[PDB]
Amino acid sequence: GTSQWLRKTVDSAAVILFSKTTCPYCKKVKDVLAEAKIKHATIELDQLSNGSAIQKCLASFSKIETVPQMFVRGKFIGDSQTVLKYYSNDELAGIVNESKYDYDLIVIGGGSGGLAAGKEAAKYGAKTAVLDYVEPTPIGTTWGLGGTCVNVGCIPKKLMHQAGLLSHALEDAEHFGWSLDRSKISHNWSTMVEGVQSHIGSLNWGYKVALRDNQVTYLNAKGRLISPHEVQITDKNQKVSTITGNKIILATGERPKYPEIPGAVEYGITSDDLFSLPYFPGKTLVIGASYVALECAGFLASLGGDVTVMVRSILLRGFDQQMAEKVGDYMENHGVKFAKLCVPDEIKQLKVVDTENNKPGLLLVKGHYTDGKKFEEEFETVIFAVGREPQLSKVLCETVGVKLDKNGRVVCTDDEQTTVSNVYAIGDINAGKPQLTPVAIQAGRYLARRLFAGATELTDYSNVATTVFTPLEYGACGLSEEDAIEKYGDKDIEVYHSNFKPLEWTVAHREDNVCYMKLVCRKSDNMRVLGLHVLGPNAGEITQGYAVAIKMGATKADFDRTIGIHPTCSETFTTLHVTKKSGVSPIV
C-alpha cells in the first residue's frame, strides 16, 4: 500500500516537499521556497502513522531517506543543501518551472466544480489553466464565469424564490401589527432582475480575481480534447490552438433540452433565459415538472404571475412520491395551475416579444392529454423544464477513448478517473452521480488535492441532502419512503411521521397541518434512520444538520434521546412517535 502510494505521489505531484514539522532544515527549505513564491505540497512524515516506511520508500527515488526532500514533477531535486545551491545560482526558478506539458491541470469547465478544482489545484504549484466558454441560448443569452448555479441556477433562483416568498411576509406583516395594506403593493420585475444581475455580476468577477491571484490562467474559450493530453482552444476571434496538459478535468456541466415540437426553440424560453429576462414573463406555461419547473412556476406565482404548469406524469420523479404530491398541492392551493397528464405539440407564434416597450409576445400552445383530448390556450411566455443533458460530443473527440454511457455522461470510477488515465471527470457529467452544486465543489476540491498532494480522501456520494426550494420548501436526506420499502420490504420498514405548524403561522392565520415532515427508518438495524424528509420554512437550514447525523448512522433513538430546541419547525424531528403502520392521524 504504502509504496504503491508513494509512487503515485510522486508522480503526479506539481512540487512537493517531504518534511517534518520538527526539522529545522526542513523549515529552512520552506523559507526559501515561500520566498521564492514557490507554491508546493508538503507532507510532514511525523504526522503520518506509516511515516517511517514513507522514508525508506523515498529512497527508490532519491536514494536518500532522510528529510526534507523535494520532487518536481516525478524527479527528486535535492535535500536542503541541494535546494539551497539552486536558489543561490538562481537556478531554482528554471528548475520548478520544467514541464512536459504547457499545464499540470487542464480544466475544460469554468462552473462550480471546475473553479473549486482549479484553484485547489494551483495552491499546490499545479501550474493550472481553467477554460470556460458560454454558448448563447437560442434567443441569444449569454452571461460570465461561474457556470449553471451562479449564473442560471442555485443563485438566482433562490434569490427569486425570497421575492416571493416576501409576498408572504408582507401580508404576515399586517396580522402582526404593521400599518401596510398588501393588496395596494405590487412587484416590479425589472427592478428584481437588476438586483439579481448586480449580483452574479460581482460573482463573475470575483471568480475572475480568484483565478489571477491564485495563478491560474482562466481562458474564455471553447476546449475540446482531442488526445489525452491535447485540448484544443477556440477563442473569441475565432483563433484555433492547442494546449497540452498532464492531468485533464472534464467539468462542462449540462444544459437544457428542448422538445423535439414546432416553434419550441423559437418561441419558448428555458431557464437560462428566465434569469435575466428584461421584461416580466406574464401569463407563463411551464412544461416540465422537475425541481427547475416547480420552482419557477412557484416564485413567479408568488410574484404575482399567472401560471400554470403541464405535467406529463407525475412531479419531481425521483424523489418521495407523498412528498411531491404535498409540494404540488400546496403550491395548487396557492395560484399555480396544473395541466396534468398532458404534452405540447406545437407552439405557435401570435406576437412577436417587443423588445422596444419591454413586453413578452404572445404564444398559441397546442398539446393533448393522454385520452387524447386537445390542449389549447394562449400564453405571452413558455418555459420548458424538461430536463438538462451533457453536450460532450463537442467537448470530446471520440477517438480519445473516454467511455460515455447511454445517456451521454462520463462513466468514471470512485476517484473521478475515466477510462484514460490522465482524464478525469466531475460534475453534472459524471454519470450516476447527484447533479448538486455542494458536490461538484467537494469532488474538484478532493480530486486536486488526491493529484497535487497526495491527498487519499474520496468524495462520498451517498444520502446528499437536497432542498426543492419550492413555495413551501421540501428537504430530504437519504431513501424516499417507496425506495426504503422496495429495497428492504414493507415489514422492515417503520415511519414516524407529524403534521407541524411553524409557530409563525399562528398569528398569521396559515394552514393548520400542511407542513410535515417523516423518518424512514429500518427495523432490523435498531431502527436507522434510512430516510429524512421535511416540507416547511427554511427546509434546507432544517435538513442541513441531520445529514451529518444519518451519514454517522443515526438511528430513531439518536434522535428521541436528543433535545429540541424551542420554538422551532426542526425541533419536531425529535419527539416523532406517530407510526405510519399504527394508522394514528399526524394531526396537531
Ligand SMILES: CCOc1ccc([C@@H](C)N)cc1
Contents of the next structure:
Number of protein chains: 2
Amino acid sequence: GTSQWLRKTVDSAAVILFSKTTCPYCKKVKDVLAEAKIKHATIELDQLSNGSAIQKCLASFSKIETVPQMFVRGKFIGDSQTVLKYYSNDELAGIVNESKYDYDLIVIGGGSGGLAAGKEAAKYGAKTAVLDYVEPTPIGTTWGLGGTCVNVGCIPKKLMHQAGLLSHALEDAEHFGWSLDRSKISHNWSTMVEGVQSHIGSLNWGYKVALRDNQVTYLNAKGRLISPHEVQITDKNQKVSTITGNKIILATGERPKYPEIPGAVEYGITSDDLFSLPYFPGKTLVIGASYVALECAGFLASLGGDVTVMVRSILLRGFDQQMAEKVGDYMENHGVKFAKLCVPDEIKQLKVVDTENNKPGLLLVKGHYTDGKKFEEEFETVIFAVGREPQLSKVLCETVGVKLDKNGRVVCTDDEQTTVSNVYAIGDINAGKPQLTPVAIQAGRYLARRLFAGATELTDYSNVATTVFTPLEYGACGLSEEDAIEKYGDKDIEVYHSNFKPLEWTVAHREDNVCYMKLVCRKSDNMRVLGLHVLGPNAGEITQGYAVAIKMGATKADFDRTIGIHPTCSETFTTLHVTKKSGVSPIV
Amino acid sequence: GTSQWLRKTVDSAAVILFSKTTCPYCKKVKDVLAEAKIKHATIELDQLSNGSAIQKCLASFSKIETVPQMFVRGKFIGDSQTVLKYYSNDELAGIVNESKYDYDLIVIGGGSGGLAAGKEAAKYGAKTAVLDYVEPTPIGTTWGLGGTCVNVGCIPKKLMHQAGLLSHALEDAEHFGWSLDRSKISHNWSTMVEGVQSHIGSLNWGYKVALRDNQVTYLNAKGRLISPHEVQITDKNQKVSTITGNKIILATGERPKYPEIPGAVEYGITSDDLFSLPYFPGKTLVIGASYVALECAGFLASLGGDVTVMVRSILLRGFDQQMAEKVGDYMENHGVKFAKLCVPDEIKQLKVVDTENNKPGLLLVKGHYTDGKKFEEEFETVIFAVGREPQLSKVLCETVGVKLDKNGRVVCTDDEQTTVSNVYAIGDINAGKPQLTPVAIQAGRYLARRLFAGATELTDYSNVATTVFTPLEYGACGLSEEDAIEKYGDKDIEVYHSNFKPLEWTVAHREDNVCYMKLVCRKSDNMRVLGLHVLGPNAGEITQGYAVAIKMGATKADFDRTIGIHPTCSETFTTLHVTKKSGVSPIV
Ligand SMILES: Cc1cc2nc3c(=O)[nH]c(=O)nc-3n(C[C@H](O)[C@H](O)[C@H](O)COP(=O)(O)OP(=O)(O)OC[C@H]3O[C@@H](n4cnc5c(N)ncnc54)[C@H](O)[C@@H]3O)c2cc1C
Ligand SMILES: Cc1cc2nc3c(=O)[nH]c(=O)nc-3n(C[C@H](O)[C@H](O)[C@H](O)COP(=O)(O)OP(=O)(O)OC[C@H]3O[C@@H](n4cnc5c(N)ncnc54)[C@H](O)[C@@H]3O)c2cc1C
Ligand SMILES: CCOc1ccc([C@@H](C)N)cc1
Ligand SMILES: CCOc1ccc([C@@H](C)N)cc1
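Following the display of the form solved without the named molecule, present the structure of the form deposited with the named molecule bound.
Full complex below, order starting with the chain above.
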C-alpha cells in the first residue's frame, strides 16, 4: 500500500529529497542543492498522514530511517553528512548527472500537451528533450513551435471570430448614439491576418524562451520511436541520429483530412492554410459540418464573404441536435447558405491562384444530393473540414509494441500508460479522450508530477465543458438531451428551458427569442443536472463556472437556491421553471 | 410537526385543494374549478413523504380522511359531491369570493420584490392589489411602473455602460482590420437617452399588462398602513379612502440622499434624474464613492465627458479594498479624475439650466480637503451619489407597531415577518439584507408561496454574488480578503491569485497586467473557497456560475480537478497556483 507507492516514486524520480519542514539538516541540504543549481522534487513527510510509515519504508532502500534522504534515479545517495561531503569534494555535480540514458524524458511533439509535460517535468530535475517538426501542407504552409491550437487552431480562430463579432458592434453603435454609418465601412483581410500572425509569432517566441529558461533541450527535428528507449531524429539537413531517454511521452497531434476525390489536394485548402492566407478567400465553399467547418464559415460571412456550407448529413454530429439545429438556423438567417444532404465529387481548376496581385483562383465544384440530383457551382476557395486523423506510422515503429485502435489512436490505461511500460501518450492521439487543449495541458502536467515528483492524482476526463464559437456561441457541459434519454429512459428525464434576450440586444433592435438555454435532469437522483446547454453571446464565459458545480454533483435545487446577478444572460439559469413535458412555451 | 404545518397552510391559503394525482374524483373537481375560472393552490398527497400522515390531520378541520378536500380562507367547503352541488346550484362563486377583507393581499410598492410577490400570490387564487406611486424628485422628475431597477437603476445604467463599452469596440475594430476612423466619430446623448427610455417604456407597459392578465388590481396611488389590516390610499386627485387586506407586504424601497449643505437640492441632481436628462451633462462632478458613483462616472467619461469624482475616504466601502483600488486605478488611467479625501461645502449657481437650447447651466463647487486645504472649481452638472435611504414615516404609521431599526429599516425574522404578525417586509427596506434586485424578487416569490400555497422554502441570503459595472467590471462572491482574515486569522487563510489578458486584447494592443482574479481559501477547512474575486471584461457572466459551486461549498481541489474552456477569461480560475504567502509575482 504505502510501500508500493514509495517503490514507484523512488524508481522513476530523477532527483528527490525526503524531508521534514522542521529539520535544520533538511534545510542545510536544500540550501546546498540549488546553490549548485540542482533542481529536484521534495516530499515533506511531516505533511502527509502516513509519513511515519514512509519513513520506515525508506529503510528498504537506504538502510536508514531518518531525514534527509536524497535519491538520484532510483539510487540512495546519502544523508546530510554524505551530501555535504560530495559537495565540498566537487563530486556532487557528476553524481546527479549520471544516467543510463541521455534524457530522463523525451517528448515527441511540441504542442499543447508536450510543451506542458516538458516544462512541468524539468522543474523536478528531470533532464528533458522536446522535439517538434511541422510537416508542410500540400501548398507548402508551415509554422513555428506551439502546436495546432497556437498556430492553426483555437488562437487564430477566436481572433478571426472577434473581428467578425466587431461587425455587429459597429451596427449596434448607431442605436446607442454613435455617429458612424456602418454601411460606409469595409474590412481589410490581409490587415487582419498580419495582426493575428504577429500575435502567433510572439507565442512561437515565448515558448522557445520558456524551454530555455527551464533548461529543456529543444530540437526542431522529426522524431521516430524505434525501440522502448531509442528515438531517431532527422534534422533540417536530413542528418539522422539516435538519442536515448528513460521515459517517452508521445504528443504528436493530428492533421486535417482530405476526401478521396479528384482536385481536392490540388485545388482545395484546409484550416492549416486558412489562418495565414495572403488573400481573402472570396466566394467560398466549406465542405463539412464539424465545429471547425461552422466556425470558419461563420466569421467569413461576418467579414463580408459569400459563403456556402455543404452538409453530408447533420450539423455537429455528437452534440445535442436541437442545439445544433438552432446554431444552424441562426447562421442561415445571417447570410450563410447551406447545401443540405450533399457530397462533393470533383474540383476542377478554372483559374490558378494569382500570387502576384494577391487574389484567389476560381474553381468548379461538382457534387450530388442524396436523392440523385446534381450539384454544380463555381467558387473562389474550397475549404475542406471533414475531420482530422493522426499518422503514428510516421512516429512509431510497429515492432516497438505500442498498441493502437481502429482509428489509429494509442490505447492507454487511465494513467496515460501505453502497452510499453515506459511509454505514455497524451492529447488528441490518446484514444477515447476529449480532443481539447485544456485537457492535453492538464493531462501532461499531472503525468509529469506522477513520474518525477511522487504525485498520485489522475486526470479526470468526464463532464468536460466545451464551447463552439459560431456567430452565436454555444456552450455545454455534460450529456446531450437525447443521450440522457437513451441512458435512463424518457420517464426519468426532466428538461427545464427558457428563451432569453440579452439587455444589450434591446436598444440595438436584435432578435427577441433566438437565445436559448436548457437543463437536462434525472428525476430519480434528486433532479441531478445531467447536462447544461446555452446558446448566446459569451457562452464560454457563461458555462465555465457551472462546470465546477456539475463536477460536484449539482441538482436543480442547487440552481434554485443560488441568487442571480442582474443584469446578465447567465442569471437565467437561476430561475428556470418551464418543463418540456408541460408543453408551456419557453418564449419571453 | 406535520400538524402545525397543516394548520398554518389551511389558515393562510385563499383557495386550496388537497388532492391525489391518481384519483378521478380529484380530476373531476379540478375541471369544475378550471371551467369556472377559479384559481387555487393544489397539494398532491401521493407525492409527499408524509402525505398519509397529512391525510389524517385534515380530519381535524373537515371530519373526513378522504381525497379531495377543498378549503377557502381557512374554512372547509366540501368533498367532490358537495363542490358539484354548489356548482350545479350556482352557489360556488359567492363561496370562493367571500372574505372578511377586501383583499387577501395588499402590496405597498410596485417595484422588484413588489410585483414579483403580487404576481406569484394571484396565481394561487389570492385576491391581490398592488399599490405604486412615484414621488417626484426636487426638479420634478417622475417615471412609470416597475421600481428603481427598471426606471432609474440596473436597466438604464447597464445600457449606458454598454454605450461606453462600444467606444472601445470602435477603436479595437481598426486593429482587427475594419476601415473606420475612431478619431472622427462623436456621441449624441439625446439619441442614446431616447433609445434607453423607449425600452423602459416597453417595460412599464409590460408590467401593467402582466398584472391585468393575472387579475391583479393596480392602483396608482400612495398607500399608508394605518392599522394591521387597513391601508389608506390617496389618488392623483388627492381623494382619500381606505381598503382592507388579510396579508400585507411592504415593499416601498429607497430614494437618494443629499448632503446637508447650501445649494445641493437646488442645483445638483442624482441618479433619479440622470437617466432621463434631456441634455448632456457636460463637465461633471460626481460626489460620493459608491458603486452608483463609479458606474455613472465611468460611462460619462467613456462617452466623452470631462468627469471628476470627489471621494470622502475610500472607494467602495464594504467591498474588498485591493479590488476597489484596482478598479479606481483603471478608471484614473482612462480619463476619470479624482479629488481624494475631499468633501463638499456648498454649491453656488452661476448659470441656469437653459431649457430652450437643451444645455446645462453652470455651478461653482466649494469644499475642503481632509488636511485643511481648499477645493474650488466650476462644473456644468453636479451628481450626488452619497447613499440611499427609506422613509417609512411616509408609508407606515408609528402606532401600528412595526419595529424599525436605527437606520429606519424594518426588523424581520428570517421569513420576512415583521413584529405585526400579518405584515411582512421584502427588498431594500428589510434590515440587514443585501440590497439587490434578484434578492428582492426571490424574497417576494418565495414569501407568496409560503403564504398561499403551503410552501416551506425560505430565501437564502448568504454568499450572494455581485458585479460592479465600472469600465473594467468587478465581480465577487463571498468574503473579502480582509473580512476572511479578521474572522479566522492570517495563519489559516491562503490566497491564490493571478493576472490575465483577454485574448481579444492582444490584437487590439491593450494592457497586459490589469485584469486580475483571486480565490480566498481557509486552510483548516479543506481549502474551502471563502470568496472569489475577478476584475475584467464580462465579470458578471464569469462570476455567476461559480456562485452555485460556492453555495455547494467548493474547495480549491474542486476548482483544480475541473477543466477549463479555451480560449476564455474564466478558465484562469481552473489553474490558479501562485500564493500570496509565497511572494511569487502574479504577472504573466
Ligand atoms: C481549427 C481548429 C480549431 C480548434 N479550436 C479549439 C478551441 O477553441 N478549443 C480547444 O480546446 N481546442 C481547439 N482545437 C483543438 C486543439 O487544437 C487540440 O485539441 C490541441 O492542439 C491538442 O494538442 P496536442 O498536444 O494533442 O497536439 P498538437 O497541438 O497538434 O501538437 C503536436 C505537434 O507535434 C508535431 N509532430 C508531429 N509528428 C512529429 C514528429 N514525428 N516529430 C516531431 N514533432 C511532430 C506536430 O507537427 C504538432 O506541432 C482546435 C483544433 C482545430 C484544428
Ligand atoms: C443607480 C442604481 C443602480 C442599481 N443597479 C443595480 C444592478 O445593476 N443590480 C442589482 O441587483 N441592483 C441594482 N440596484 C439596486 C436595485 O435596483 C434595488 O435593490 C431594487 O430596485 C429594490 O427593490 P424594491 O422592490 O425593494 O424597491 P423599488 O425598486 O424602489 O420599488 C419600490 C417602489 O415603491 C414605490 N413606493 C414608495 N412608497 C410608496 C407608497 N407610499 N405607495 C406606493 N408606492 C410607493 C416607489 O416609488 C417604487 O416605485 C441599483 C440601484 C440604483 C439606485
Ligand atoms: C498498464 C499497462 O498499460 C496497458 C495499456 C493498455 C492496455 C490494454 C487496455 N490495451 C493494457 C495495459
Ligand atoms: C415572527 C415575527 O416575529 C418577530 C419577532 C421579533 C422581531 C425582532 C424585533 N426581534 C421581528 C419579528
